[PDB]
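10 protein chains.
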Amino acid sequence: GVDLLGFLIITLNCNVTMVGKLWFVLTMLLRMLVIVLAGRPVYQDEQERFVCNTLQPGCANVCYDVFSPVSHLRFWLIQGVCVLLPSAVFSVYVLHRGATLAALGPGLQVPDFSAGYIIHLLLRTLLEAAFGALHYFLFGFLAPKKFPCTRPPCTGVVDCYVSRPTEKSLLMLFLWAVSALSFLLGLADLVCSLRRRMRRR
Amino acid sequence: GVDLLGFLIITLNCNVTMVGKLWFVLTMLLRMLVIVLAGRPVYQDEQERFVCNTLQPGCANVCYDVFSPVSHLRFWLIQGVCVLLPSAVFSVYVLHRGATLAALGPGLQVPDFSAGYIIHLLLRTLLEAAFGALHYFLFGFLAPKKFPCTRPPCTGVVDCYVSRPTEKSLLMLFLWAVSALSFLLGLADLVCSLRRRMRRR
Amino acid sequence: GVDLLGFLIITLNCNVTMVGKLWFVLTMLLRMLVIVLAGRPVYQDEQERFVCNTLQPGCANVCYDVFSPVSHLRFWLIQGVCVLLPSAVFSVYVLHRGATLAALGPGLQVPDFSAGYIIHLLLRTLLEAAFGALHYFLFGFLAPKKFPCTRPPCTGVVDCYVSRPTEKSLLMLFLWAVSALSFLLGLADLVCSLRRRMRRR
Amino acid sequence: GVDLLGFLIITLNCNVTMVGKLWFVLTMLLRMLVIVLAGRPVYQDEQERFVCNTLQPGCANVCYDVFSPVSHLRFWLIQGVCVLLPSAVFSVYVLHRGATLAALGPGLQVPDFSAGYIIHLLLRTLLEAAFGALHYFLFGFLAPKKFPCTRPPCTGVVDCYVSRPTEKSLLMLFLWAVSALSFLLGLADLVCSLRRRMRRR
Amino acid sequence: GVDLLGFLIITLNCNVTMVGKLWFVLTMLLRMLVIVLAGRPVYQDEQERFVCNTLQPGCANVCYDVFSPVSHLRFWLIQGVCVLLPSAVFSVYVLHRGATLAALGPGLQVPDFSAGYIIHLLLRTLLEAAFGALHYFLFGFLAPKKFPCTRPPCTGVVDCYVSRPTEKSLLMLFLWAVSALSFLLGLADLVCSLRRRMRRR
Amino acid sequence: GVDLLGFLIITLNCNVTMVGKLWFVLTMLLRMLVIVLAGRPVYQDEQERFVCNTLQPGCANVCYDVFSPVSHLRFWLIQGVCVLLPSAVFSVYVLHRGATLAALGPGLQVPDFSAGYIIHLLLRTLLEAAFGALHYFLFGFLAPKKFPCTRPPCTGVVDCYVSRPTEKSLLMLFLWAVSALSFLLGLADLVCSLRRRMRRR
Amino acid sequence: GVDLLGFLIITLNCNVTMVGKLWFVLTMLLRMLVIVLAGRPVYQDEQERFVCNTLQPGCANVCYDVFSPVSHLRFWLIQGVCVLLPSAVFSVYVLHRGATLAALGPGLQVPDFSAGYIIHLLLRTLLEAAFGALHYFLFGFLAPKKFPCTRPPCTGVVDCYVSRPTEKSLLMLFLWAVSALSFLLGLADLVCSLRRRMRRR
Amino acid sequence: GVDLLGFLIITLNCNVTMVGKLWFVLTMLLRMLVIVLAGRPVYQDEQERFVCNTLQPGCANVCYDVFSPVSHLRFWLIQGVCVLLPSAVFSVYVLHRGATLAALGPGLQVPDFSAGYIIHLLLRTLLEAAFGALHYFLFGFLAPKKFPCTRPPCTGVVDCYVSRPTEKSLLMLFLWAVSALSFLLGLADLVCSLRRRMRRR
Amino acid sequence: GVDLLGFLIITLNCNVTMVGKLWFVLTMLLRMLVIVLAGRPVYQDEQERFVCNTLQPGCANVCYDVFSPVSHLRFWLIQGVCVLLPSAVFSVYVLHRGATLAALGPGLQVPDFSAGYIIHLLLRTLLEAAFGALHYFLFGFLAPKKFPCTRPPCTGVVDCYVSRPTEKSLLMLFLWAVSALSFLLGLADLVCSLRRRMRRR
Amino acid sequence: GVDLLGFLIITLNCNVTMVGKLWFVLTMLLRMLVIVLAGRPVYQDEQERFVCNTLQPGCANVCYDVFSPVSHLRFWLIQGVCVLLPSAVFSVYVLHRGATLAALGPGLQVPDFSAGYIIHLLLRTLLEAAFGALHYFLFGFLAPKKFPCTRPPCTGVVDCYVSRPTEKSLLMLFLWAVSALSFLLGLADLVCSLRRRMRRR
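Protein chains in written order, with the authors' numbering: chain F, 3 to 108, 133 to 227; chain J, 3 to 108, 133 to 227; chain I, 3 to 108, 133 to 227; chain H, 3 to 108, 133 to 227; chain G, 3 to 108, 133 to 227; chain B, 3 to 108, 133 to 227; chain A, 3 to 108, 133 to 227; chain D, 3 to 108, 133 to 227; chain E, 3 to 108, 133 to 227; chain C, 3 to 108, 133 to 227.
These are calculated hints, taken from the structure and not from any lab test.
Beta carbons are placed, not taken as given, at the ideal position from N, Cα and C, and that holds for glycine.
Be careful, since some hints might not be right.
Far from chain E, by Cβ distances over 12 Å, these chain D residues were calculated [to be verified]:
1. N17
2. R42
3. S73
4. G133
5. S140
6. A155
7. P191
8. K194
9. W202
Quick list of in silico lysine-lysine cross-link-like pairs, DSSO-like style, CA-CA up to 30 Å [stated by the list, open to error]:
10. H:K23 with I:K172
11. J:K194 with I:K171
12. G:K171 with H:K172
13. J:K172 with J:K194
14. F:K171 with J:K194
15. G:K172 with F:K172
16. A:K172 with A:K194
17. J:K194 with I:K194
18. C:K171 with B:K194
19. B:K172 with B:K194
20. E:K194 with D:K172
21. H:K23 with I:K171
22. H:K194 with I:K171
23. B:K194 with A:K194
24. F:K23 with G:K23
25. G:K194 with G:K172
26. G:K171 with G:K194
27. D:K171 with A:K194
28. J:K194 with J:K171
29. B:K194 with B:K171
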């Protein structure tokens, strides 16, 4: 005998473990917040000071074009949105299937949404290692300090200087560390959740 | 016997299919979020480095003016707001017609708002293909790398260089792909919803 | 016999017509959202490239000062905040007068807040035409392409070039069109609401 | 016999007058919104175009350093946060003391939080006049147009030009006017509230 | 006999003291708001005007690289997120343990979450002094005005000028003061909370 | 049981709203008083100093005759008397119908004179806009400074000078403003009075 | 059982019809007020600018003396005072005969003063047509523009110019119209009052 | 048993005859009103156009000084105030002696103030004939048209012309007639009042 | 047992003697009325005809400026307002103290306001002799007929003529006489009132 | 048990202090009376004798136009009407709220209108200092004696003379003094009235 703003969140909380909520909090507070708030200003001047010894117009632009095909800030943001998408689609799924059964009607009668959470965590584990592999094969571990440029709309080889490398290396090391921690915690979620459901058998 | 914060969301959820909620989630998380967050910084320096071989003041500005009449970032934002508007007007419609009947009063009595959802999806299908056609006829598929400029407040023809083309081409390809996916999913919504309502006949 | 999170929104919805909610949605989604999101980036480089033929320092700054006394972006924002203020003051008024009567207590007993909505719409109609007249008398319809400058801290007359005019003209035409549509819809609201209240007599 | 999401807002609304809510609305809609949204873009180019007649590097920077010790945008923001802080601390106080008494339990029994609101308004009146006095003694009424610079890391006296003064003067006049209106309205709140409580005696 | 949107916030408010809520308000209104809103614009031009007497390209960039290894804005943001993280993890913990017991069911029966709040405050006290020590040992109290640069990709020693130091010194003094106040208030919370729980013995 | 100098003014006050009395006060203190007291002396010397270059007698008189057909002072006075007439005729009506019923005789028995007040306000609203339109089409907004005169009892074209124009323009602007304020307030009276009488139904 | 400030005005109002009060209001507000307030200033400069071609002193004065024997302003004022005199003498009569009977003393006992009101209206009708006839035979309908003067203290015939004729013609037309309206209304009063007294027979 | 705003006017009306009230009305409506309203404007230009054949400065002023020692307008006003003074002093006397006896207290008990009214009328009759005699001996019956001037600050005899004589003669004839009528009516008052008081003997 | 429009004027009349009322009547009818009505027109042409033998512009104006520093008309008006002010302040005092005691409530109970009337008459006697002394020392008894002028913006000594002196001398003699009569009567009031109050002892 | 012409003025007198009535008397007798009666005649000839050395027609008029933009007589009158307006609006307010409660009915029951009088005096204090500041910044303390004129419709610089300056300076000094006295007395009213109402607490 509860209102449906009542038996609508227990059907949400009971199907998710506290480790999952902790994962959500860590990946929204230290992962979704640092990138927009600190990564946005640092990478604005990646264009302004790609300064290096040439004089004919149009060498520096092609030098940076061959230098940075894809900035890793966009990589981080797309990785973040894809690693947050399934938690939203599952949220919509569970709210949709919880708000519908109460309309028909009949010490609670909480439904058991266990089949989708394990496949959810499987998709989580699969969607992190691959993007980590792409990060490792594309951007490495530490950013270069200088770059030789040879594709000529300009005469000769131009030795061209990046702007502010140490900040970038430290910040991306921090992102690597937090991503590694999240990966292990996510692996812990599934391996604990599967055991805590066959124990009833 | 439920509160009106009760029989106010089932009258919302029951008239919309889970495919529609999934559409909403995908077009707000991968479509409304990427554009503001990643498209805003990339296109700030479309003006700073339209660099090219001229010396008299006032050639580069007219060269860009003849180069880019309308930036496609504004096109994407206006397309996004117009493709999100009907879902808001229908939301207001259904809340208005659900919160009013409960005032008069008389195992639920959920109203059937099916006539408006099919015309809603018709408007959705009509409002996407046209803007896609304008995108195709105006901005093409890949951005040029260099541009010849001839309208003289300046002497001669000026070969003028864009800034950072590959990032733009990849990003707009991603937008094209997500828009194509959303179009097919939206076509699926109406064609399934119409069948699931004549089946009762 | 409803909770006071119950008989608190019907006393809000019943005193406002669906045309009013549609007005609110259109003026927050296509009017409050486009200006902050697309008008902010376009007008950052109104200062950087006011480029024109002079060499002594301090001519370009006074030339722009005599050029643009007030930027119309600030005009649009102040117009938006003033055209959204009365809907907030009325909202606070109606919530205050609805949450107070329920404390004393005694098939609903919804109060009739009709006197304030008609004067609300009168204030709406009065607060739009005047600012439209100021817009017409101050900023015209299309932005100039070049400007002659004569006030001397610099020698001679300087012919000075604006940056990116066509984008500005198209965007402000779009704002003019949406404002005109909102004006007519707002005029429709009052003229329909007054009739729908004397019909009971 | 009401839920505690019930007797939790009347204990909030009944202890505050409609003039106070109107004050809150005016100081968040015309005061907190204009500053972030219009004051942020105008003052970005206060650094870019502090242009003036010198050639040795490092004169303009010290000239601006002696020119503007503290920008008044930061002054406005700190003033805004301090003039909004007490309304938040009182809000937390009243919610804390309202949500606690209902736990013990026993035509309502609304508590009377009148002692704190009068001291609240006293603190309000005291925290505005002082900062107004600092504003008057530090930033004056109208911004200069040109500035003489003498502290030498550079040779001679440099006559140095500000950027866009009239916009700044008009905007800060608008802030002065709205602050003056808020001050008088806040003085009205306390002087009316004290009378409306001794009238019961 | 209350709804579970009822006995869900008293189980939140009763386990936290009003001093804690005041701490939350002060550290989100004067600490989380000033940094994003005033610290973001001031530190954008820390790169643009690191101006100083050299002519060969690539001396200024390495001079700033040896000048500022880590900007203290990022230090402040990471400190803020780490000093707000435990209050979020505890919030999730208490909501999770409060929303679960109500499902089973049986003048209230509020649980006593006192063990976690004291260890929470211990972690708070430990996570502030260390970062304060790092701040003191890394960034000092006042920012320099000029800097000698010697690491050669450039010929000689370059005396290089910072931009806008007094604003930075005053602002970081304000942050130091508010952090010191928060530290003392947080120390007060634990020392009062421990006493107010052994008094029942 | 009251004297008839008693139940003779409540039958007057009860049928008129406080907004109406405020209208009466504003239009007699700032409208009937300024015109007689300040407009009478200013316009005496509109004849004495219509001075201009001619020598044959009888050119200046015909020049002013073609210059000013009707002085706007008389227009203002006739407008004032016509906008005060209905309030006098209604006053006489209500006193006549109140002093007569008491002669016959039978916690008061105040009559309801509501039908005449609404038609009174209708006549008010109709009798202001028309005269405003005549004012706009006849006297414009600002008075000329000089006038060419051609109708010959005199030789040639005579350029003829008005006396004291700025005082006249400012004063008539003040009258325009007060008339505009009175118009809006009068429109408010009827629209509020009609609502406050159907609310009883 | 009423005070004598009571049964002293009903004995005044009951013997006069509402048409009579309306006549009084119209002839004091549009007839007694316009003449003193607008007719006084216009006719001050009827003497100053009776300008015309002569040079020997003392021709213009005799020319005006033969021009205007009696100014029609004095005619209007004497007509007004004579058309207001009987209403005052009757007022004094009725107050005198009402305040005297109450001294002796004995659902009212209002006296019937009907014989004097009909003779009053007869005197009214007789005292208007005659003065209208004198106005028509003396001052005509429109004022001349120029006047020939022949009575010699001066040599020759002098063609002499009036000042401001159109204002005078329009104003006296307005007086003619209001007088005509008052005449018809006064004729209506008697013809209705005589019928409404023989109807009782 | 009447209020003292009751037995305060019958003690005023009963001691004065209707002929006296008629005298008051005629001498305030046709005597006090014509002089201020029509005599004030006519006599303003008695100074401006005392025009006559002389050229040396200062002859015309002495010519008028010997012409008009005292203007008869001031004579009329002083005569009016002296002929209205006793009616005011008697009014104050009777109100003072009527408002005092009622304080002590005891089908009315009206006092008999007959002794003062007869001496009042005696003073009236005495204060009119003398001033009439002065008028006759000083100002005659008709005003001259021209005047010879001989007292030399100027050379010769100057024949000097008055302005507008016929208006003055007609107006002062009207005053003479009304004064003569008032004199006879006042003589009638006393001779009737004395008889109507010895008839009781 | 009287109404409060009853025991409100006896408390006014009983505290003032008939000599005082006679003083009020004489000083308002022969003193306040003559000055506004006859002194206003006579002194308008004190400026127009200050005619005298000079030709260079700007001698006559300075000659009158040295002639009349202060016109005695303004002196008379300020003297009148100051000699009428205390009678108004005492009137307000006595009405205020009479209308207040009746609110509380308990062959009359008239209060005795004798202390203020004697000090009132003392202030009267003191405020007349001083202004009479200033009149005597400033304006003398008879006005000059001609004036020598020497302060040069003009060449030589100019013998300059006043306008209409005899009227002024006679009129100001009349004012002197009436003021002298009022002074003696006012001295009589106090000396009689003090005796008529110690006689009760 | 009093008539309603009874309990209608005590509800007026009791809510206003004797200092307020004294203020009303002083500002209507020495402030409203001097300006109309003495300021009207003095400033009529501000136009007639603006005499100065020029001969071409149309120089003097423009010279005065640049001389006096706004005459301070109109400033004084508008200041007077605005400083008398609130006392009228409050009067109407209190009579309206006093005459209405008596209709319903139930050693008096006088209402307490204290809240409006303090805000009334606040508005009084605010509406005087500002207009005093405008007076000080616009018209100064003493009027000039001569004025140089340069705006050419006339040849050269014209030294132009005012008329009667010392009278103007003395009179406006008197107005300044009386305004200063009224300001201090009004400040006394509020500061005494606020104390005399918290003394009851």
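Cross-check of the supplied hints:
1. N17: holds, 17 Å
2. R42: violated, 7 Å
3. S73: violated, 7 Å
4. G133: holds, 18 Å
5. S140: holds, 19 Å
6. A155: holds, 21 Å
7. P191: The claim holds: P191 of chain D sits with its nearest Cβ about 20 Å from chain E, beyond 12 Å.
8. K194: Check passes; 16 Å lies beyond 12 Å.
9. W202: Label holds. Min Cβ-Cβ 21 Å, cutoff 12 Å.
10. H:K23 with I:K172: violated, 49 Å
11. J:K194 with I:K171: Given pair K194 of chain J, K171 of chain I holds - Cα atoms ~29 Å apart, limit 30 Å.
12. G:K171 with H:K172: holds, 25 Å
13. J:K172 with J:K194: holds, 14 Å
14. F:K171 with J:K194: Holds, at about 25 Å.
15. G:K172 with F:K172: Given pair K172 of chain G, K172 of chain F holds - Cα atoms ~26 Å apart, limit 30 Å.
16. A:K172 with A:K194: holds, 14 Å
17. J:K194 with I:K194: Distance of about 23 Å is within 30 Å: holds.
18. C:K171 with B:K194: Distance of about 25 Å is within 30 Å: holds.
19. B:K172 with B:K194: holds, 14 Å
20. E:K194 with D:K172: holds, 25 Å
21. H:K23 with I:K171: Violated, because 47 Å separates the two Cα atoms, which is more than 30 Å.
22. H:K194 with I:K171: Judged against 30 Å, a Cα distance of about 25 Å means the pair holds.
23. B:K194 with A:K194: Distance ~23 Å between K194 of chain B and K194 of chain A Cα, so the pair holds.
24. F:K23 with G:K23: With a Cα-Cα distance of about 23 Å, the restraint between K23 of chain F and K23 of chain G holds, given a limit of 30 Å.
25. G:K194 with G:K172: holds, 14 Å
26. G:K171 with G:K194: holds, 11 Å
27. D:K171 with A:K194: Distance of about 29 Å is within 30 Å: holds.
28. J:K194 with J:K171: holds, 11 Å
29. B:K194 with B:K171: holds, 11 Å
Consistency note: the structure conflicts with the earlier hints numbered 2, 3, 10, 21.
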